[PDB]
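One chain follows as structure tokens, the form deposited without the partner chain.
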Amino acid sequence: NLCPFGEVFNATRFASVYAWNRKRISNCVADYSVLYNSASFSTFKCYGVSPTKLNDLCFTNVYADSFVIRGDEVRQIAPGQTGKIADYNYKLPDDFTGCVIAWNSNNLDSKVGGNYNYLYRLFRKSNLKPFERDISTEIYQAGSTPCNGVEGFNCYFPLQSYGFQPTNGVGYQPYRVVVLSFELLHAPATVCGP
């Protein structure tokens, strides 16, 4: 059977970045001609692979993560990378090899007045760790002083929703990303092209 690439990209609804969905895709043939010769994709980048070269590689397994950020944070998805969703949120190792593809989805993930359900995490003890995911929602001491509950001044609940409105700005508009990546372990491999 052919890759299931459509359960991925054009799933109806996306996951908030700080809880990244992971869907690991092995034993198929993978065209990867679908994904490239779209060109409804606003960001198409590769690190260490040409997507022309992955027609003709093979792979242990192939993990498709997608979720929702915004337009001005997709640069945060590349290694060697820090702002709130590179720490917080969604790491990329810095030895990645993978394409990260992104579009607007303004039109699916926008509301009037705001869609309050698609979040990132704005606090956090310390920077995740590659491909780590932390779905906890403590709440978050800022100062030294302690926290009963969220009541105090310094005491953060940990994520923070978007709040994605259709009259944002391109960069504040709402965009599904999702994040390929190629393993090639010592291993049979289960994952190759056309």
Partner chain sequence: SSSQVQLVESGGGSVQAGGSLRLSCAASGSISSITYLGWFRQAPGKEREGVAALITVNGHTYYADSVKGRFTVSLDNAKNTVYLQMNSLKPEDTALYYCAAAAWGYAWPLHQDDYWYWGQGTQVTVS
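The term rigid core refers to the most C-alpha atoms you can superpose between the two forms while keeping them within 1.5 Å. Positions refer to the first chain, counted from 1. First, how it differs from the form deposited with the partner chain bound.
- Comparing the two forms between the two forms on the rigid core, the single residue of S126, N37, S144, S136 with a CA shift of 2 Å or greater is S144.
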The other form holds:
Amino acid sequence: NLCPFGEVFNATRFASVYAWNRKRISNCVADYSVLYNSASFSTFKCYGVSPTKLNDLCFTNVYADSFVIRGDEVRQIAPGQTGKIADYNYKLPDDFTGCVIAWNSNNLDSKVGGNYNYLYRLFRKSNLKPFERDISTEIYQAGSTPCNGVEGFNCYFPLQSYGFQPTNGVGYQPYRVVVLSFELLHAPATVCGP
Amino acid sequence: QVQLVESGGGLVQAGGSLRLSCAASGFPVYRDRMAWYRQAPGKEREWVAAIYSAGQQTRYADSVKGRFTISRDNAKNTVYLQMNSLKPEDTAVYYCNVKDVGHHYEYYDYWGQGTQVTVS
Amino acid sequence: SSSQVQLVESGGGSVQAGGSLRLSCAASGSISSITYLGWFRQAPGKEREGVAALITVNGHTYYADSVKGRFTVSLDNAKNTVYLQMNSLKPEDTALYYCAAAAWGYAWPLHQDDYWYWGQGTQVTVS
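Counterpart to the form deposited without the partner chain, namely the form deposited with the partner chain bound:
Up next: the whole complex, starting with the chain shown before.
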């Protein structure tokens, strides 16, 4: 059984970063080299392991999280980061073992007149936990007074739409991002290389 | 460049109705949030209604919760506010509003000129 | 000093506009762990930016727009040495040039704040 990475990487539709999607990978053989050597990604960072040794390793599980952000935010998808993306949308553990893979997706996510379909969370009472997912859509209470389900003074909608315009600079562009997380449990390893 | 134009207000005797229009250009009308606000003479700008692309689709202030209905039209890139059962208390200038984020992660609030609604 | 990768760069100097130079960067240590070679640049009064990059396993290259079509980055595994051929030089290329090597994969654009093994920096002047 070859690991089904095309289903995640070639998925026709990607989630907004606040409702990021997750698939689990187990009991298969992954060929990382064909992803790494592919020339289809502008970022392929790894944490905890060298990308050149991935085909020699075995893991208990793999998790493929995927979403869309802007390019100039791919640096926030990494342990120890801060800001709205890492704090209210997608947090990585300090001891993250995995790899982050990102690419400009104007191919599929460009829209004449603008694409405002991708959203990110703006406010939160506390920071996310590593791999927590907040998809709620309740009004955010930024004051001592309850909001009672409506906007008002100190009461704001918590999500913001990216203004992906064809005219934008190279950093304010839609980037599809896939995070492979390698599970290092004290268990049999079911996902190995060739 | 982003642009919002309100239209459709005017003079109405109580119990009447109007349909305010917000013509948007520079951005698709399907997006995170489009809101309608009120400013009466002497008072401060008041949030009235809003439509969203995630979560509950429409929200309304308590004072208009059974009388107004907000809707979007993607063909004409417009957002409508149907106001029924109008009262003198609804008399104000009506604005539509969107919040955009920019290249430097800054937020800016766009508004139109507004339309006057007078009820008697 | 205690880093398992050591870069020594050379080939700098001055030259007149329209001329060419060839910077070289020779590594010693954990050669096989290096995944990515980036050339950075700091001109007078500007931050250190990214000029060019080479993915070691691939040969794939990236170039900033200010040097696109004039600079060429290339690899030599016989000598464990990466090269930056700078053609059609103009005075705005006057800068301290740095080579840097990563082991964590690759990422474009280059970013100073990633973890890099750094070279010493060789001067390049064009008038």
